[PDB]
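Just one chain follows, in the form deposited in one PDB entry, and it is written as structure tokens.
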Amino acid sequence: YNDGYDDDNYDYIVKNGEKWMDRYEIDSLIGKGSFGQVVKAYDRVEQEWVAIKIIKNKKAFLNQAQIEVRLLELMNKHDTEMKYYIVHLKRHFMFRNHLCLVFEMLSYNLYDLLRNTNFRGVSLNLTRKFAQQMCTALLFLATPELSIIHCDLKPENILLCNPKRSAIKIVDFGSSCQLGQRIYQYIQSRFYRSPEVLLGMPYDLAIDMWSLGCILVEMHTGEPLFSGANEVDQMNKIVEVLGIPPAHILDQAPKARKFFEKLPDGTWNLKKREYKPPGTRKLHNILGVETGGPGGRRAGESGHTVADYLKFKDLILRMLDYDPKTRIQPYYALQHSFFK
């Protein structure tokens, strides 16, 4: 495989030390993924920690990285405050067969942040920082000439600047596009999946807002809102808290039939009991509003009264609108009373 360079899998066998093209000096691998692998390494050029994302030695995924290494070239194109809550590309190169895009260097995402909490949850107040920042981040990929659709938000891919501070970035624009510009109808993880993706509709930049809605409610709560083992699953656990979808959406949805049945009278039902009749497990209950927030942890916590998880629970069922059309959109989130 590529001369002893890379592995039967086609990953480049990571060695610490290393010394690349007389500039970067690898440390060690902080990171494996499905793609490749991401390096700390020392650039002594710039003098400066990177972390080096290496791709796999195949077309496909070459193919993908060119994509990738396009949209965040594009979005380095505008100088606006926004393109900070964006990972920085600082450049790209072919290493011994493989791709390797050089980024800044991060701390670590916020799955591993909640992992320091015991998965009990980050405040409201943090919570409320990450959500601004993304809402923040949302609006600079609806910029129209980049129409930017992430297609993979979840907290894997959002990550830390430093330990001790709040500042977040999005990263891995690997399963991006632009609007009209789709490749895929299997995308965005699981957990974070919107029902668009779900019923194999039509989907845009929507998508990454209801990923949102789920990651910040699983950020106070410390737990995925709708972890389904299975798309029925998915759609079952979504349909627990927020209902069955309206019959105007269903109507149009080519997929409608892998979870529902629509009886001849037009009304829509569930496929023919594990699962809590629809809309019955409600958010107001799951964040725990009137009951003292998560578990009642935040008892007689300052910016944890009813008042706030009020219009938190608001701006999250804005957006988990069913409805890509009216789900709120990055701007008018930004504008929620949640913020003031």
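Rigid core (definition): largest C-alpha set, two forms, superposition within 1.5 Å. Residue numbers count along the first chain shown, from 1. What changes on going to the form deposited in another entry:
Core-superposed comparison between these two forms: the CA of residue 264 exceeds or equals a 2 Å shift.
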Contents of the next structure:
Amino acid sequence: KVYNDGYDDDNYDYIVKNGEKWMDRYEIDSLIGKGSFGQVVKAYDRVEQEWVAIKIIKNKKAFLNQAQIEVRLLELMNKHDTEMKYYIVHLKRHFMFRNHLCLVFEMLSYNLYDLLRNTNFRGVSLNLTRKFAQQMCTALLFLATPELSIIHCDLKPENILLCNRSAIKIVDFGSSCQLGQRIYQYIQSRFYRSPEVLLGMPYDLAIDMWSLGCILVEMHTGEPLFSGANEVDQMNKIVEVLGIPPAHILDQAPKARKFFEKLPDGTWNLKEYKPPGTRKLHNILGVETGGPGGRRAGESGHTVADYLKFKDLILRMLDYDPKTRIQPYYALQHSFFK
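With the form deposited in one PDB entry already on screen, would you show the form deposited in another entry?
Nothing else is written out below except the one chain.
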């Protein structure tokens, strides 16, 4: 049984051969990753004389079409004249090779999850968190450009890469869409899933900001803020920290009744967790006790006043109301950055 004249396995993936030379241009070094879309190889480009990351899309129509959307979005972002652009991974070019769409990107380093592992899941300092936070708010401002309006739809530590410097770039626009395009109900990775998506509600660019808030707390503590085992557990861990969501949201939510019940007086409550709003971010961060674990007492940039400013920024990111949740332009104005 032969797939694609022998070039593919039985899973529509190109069979990666170490040292293969494509088109008298690319020298394939190695496989550096597998995903649903296909694979990523490290390769040397002879024309440009540099190492690149080549995303090899599966030879299967469902995956080709998804990647054509991904290419269209990266090419749109590329056409834009800003320095904000460079917080997104740069698509250099694309080609077909043996019936596979290949995307050529700049070679980046490891992701923010890898970083956290290398902290033994104790987190990075508030200062590094702040630099990560600023770049990420800047990236989200760029995506919020009226002509782009890209919702990422899957922000998480493993989709933010180090270049090598604490320079970082967003990757994986493979779940992404533009505002005004229709609804998909099961989106975002579970720990980073906005309450509107949990509630089956219409969403916009604010879902990215919600993920961002979850991310930043994680980068500093070492662990996920809301580590849900499923959707019910997820909404419940949100409610522990942030309380019961506004009545105007729940009165309207196609999936309100999955997590909440309307009590006889018309108020909402959950259907054993800490009571709504009782696991305070204030404590998770250790605002007054020398940061998380107490591991940052007296370190510069880690005063009680610094932590309060950080706590304030996150809670604006974790606002239940997507209309009022902090937006990228103003997140950059916040005193955490000043």
